[PDB]
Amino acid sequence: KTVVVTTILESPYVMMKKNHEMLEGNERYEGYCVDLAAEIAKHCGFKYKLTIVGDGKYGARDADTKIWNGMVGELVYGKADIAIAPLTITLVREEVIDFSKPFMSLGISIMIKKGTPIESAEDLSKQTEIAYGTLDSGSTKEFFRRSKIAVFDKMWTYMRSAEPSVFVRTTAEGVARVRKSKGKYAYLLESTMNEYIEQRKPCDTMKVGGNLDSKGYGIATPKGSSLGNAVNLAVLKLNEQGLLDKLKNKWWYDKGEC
């Protein structure tokens, strides 16, 4: 009856509300995905419960164990009915879960501490002074692991063998490493998160160069779910009405601190 929604604490998508300890259920959270969940639910005609993914991950299949972790895993093993998060539509995921058409368009980009002598991915690859990494488990990490393009293969080769590790557990961890490294650490993350951080105090980071690829985030459901068709139509209806753009403006730029 009540649709269990799996999501992830990733700003500005889902964040803990100021006085959440005094609130209950869905009212404990706020963010772009919280506003979107409320809308997809209204339009699809269902009651839901927001749940933060237990392992705090997006979703990857473990090569040795074959188990799916993160939000994807919660959908695959039936722990959740739908995932409303900045979850990238990829081929390996679409083979096990269903995705609506994209609700947000993005691409991998570079986050530097202001003043870092880096203008592109080619620049990162051609040097060693400045370290660079990605989110440990996710679509960005896989983009480099599977890239046939020379510049990205070179970047991956360095990243996988770099010590100490250049990969981080969460986006926030990557952002702090950038901020605390005096320009000695650049971070590869999706343009959406980069643009969000670029508008947050201490206003010391910046997105550089173009996007490395083009892709989208989709609302995910288990393969052959009943909700699939309706949520896809809701995403299309809401994009066409201007809500998705309105929501990105609200959480990224309207509340900008820089």
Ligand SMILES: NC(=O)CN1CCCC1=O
Contents of the next structure:
Number of protein chains: 2
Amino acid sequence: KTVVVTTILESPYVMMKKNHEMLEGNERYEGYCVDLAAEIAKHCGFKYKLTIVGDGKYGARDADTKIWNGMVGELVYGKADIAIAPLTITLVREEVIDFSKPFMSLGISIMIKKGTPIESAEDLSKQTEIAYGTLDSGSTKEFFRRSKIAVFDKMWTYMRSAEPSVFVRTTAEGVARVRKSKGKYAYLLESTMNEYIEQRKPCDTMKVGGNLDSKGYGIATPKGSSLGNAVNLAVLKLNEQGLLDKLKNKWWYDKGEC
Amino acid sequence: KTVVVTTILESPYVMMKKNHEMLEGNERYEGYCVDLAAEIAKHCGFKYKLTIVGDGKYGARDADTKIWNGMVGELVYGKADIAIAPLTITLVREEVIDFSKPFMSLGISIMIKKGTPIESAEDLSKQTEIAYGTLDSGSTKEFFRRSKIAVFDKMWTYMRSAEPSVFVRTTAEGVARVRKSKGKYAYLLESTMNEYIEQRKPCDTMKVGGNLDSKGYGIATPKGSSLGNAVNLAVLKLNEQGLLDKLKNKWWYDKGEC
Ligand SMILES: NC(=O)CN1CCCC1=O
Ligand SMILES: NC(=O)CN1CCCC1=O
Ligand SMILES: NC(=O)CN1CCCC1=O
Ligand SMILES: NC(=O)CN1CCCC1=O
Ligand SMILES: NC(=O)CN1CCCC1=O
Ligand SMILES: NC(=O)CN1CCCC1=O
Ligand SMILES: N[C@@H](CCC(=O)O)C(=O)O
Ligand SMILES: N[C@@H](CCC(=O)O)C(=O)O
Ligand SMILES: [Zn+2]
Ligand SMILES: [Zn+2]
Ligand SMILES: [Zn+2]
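Switch over from the form deposited without ligand PZI to the form solved in complex with ligand PZI, please.
Whole complex next, starting from this chain.
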């Protein structure tokens, strides 16, 4: 039976094709996670259907209602068989869904407009002129909200109370804010998305400093789903055959313009 | 019941304390994986005993006999309940044991004596003056055995037939051979161990070029044992709390001598 795959529109993992209107089904989409879903499906031996997640979120649990939103939600509540996306493996998510071993490494990083007087996280903590935020419902926001560590715990104190809000709805919103703010706003986001943007015109942003942490993206399935086993084996095989490295180069760098 | 942990002596993961002679049991050893074992046992609430793996190897399958040796063998045949060591998550191993999510990242790298006229794998591949090899019964050697990638496959074709053998029993032996070969031997080994050695006296070796792949170390349990769930969740918590980052600086860079 056809596997229903939940994913998210995030460049350059899944993107609308130039002529998306004149194509049907899986043919409408392109990018890193679209190529990877075909590979996974082929080595696992299953047919599938790409679906963009209705609310455009990665997944968080609403503290009052306790309902999970985003892709995690689609898995938790039985709307999807699998998620193939830049979804971060975390402890609170591993408690309700299953993840395959990481297919991509990454860490929280800092994006600035070129020329901003900022070199690190500790530089961001002890200053007020330059504002900074993160994406609204993901692992990046929760890392800061959950952190005991100094610089980060103080950064959270700041962001949660900042006005107007320093959080954004989408990555594009974060980046557009960076570009328009003449260096008066820095954006905290995963190193992978920071690196992609740095290679796109107008070439006016850049990643500074080392990463604040170190984690991975995994293919997620409903807790105890049988599919888990085959897809984990598939990711390891495809890393070992060099597939994942080829794909990153194709979509990040063989694409450069800066 | 007391947990039998199988491990390997490999700096700076597990090493003998200076005054080992006068100490007993777990107190004999120190290092990154020694601290990580305390931490895992603390959070999971089990008592444990560290045991250095009998044959001194990581684990590979004899193609004639089909018997697994090393730490992998200890788990496969029931000599041990858990393996806490720099054990590489691979596809043939995940078929017979379980791995936690990665506690540390790394790739195959190149170690040269300072001054050796080599920057990359492609370099090594196109010449015979400088010999090169890897550890026995580990994941690096098997990386080169199963390479379809153009450059690596040629390197293996060279290595397997090379003579006298370019392969070594242990890391120390590999590193001693670099140091004593006046630049006529390069050693292929994980970036992690490479970066450690580069920081220690006599300070005569170095990591050149970029990593040849990208993979992870995982905590290993016999297939479908109950321990695995707890330890997986523990690794993720420990990464999320920054402890894994504390440990790596403690053992790697706080230790610098060059
Ligand atoms: N101790 C560390 O290396 C800390 N950092 C470096 C990159 C990301 C990670 O958590
Ligand atoms: N899934 C993860 O835990 C991945 N990361 C990044 C490197 C090691 C760490 O645990
Ligand atoms: N596109 C990617 O997944 C590239 N990388 C990151 C580590 C595993 C893989 O080969
Ligand atoms: N295309 C790549 O990223 C290849 N490399 C670089 C880091 C390790 C990996 O396999
Ligand atoms: N456990 C792994 O497969 C780890 N590695 C290194 C970075 C991501 C990749 O797949
Ligand atoms: N000691 C460590 O494992 C340090 N690093 C590497 C990736 C995970 C972690 O934060
Ligand atoms: N990868 C993140 C989304 C982006 C972010 O939080 O910065 C997640 O899965 O929650
Ligand atoms: N970490 C490797 C051993 C080191 C190597 O093969 O270079 C393994 O688990 O087999
Ligand atoms: Zn459109
Ligand atoms: Zn394929
Ligand atoms: Zn602790």
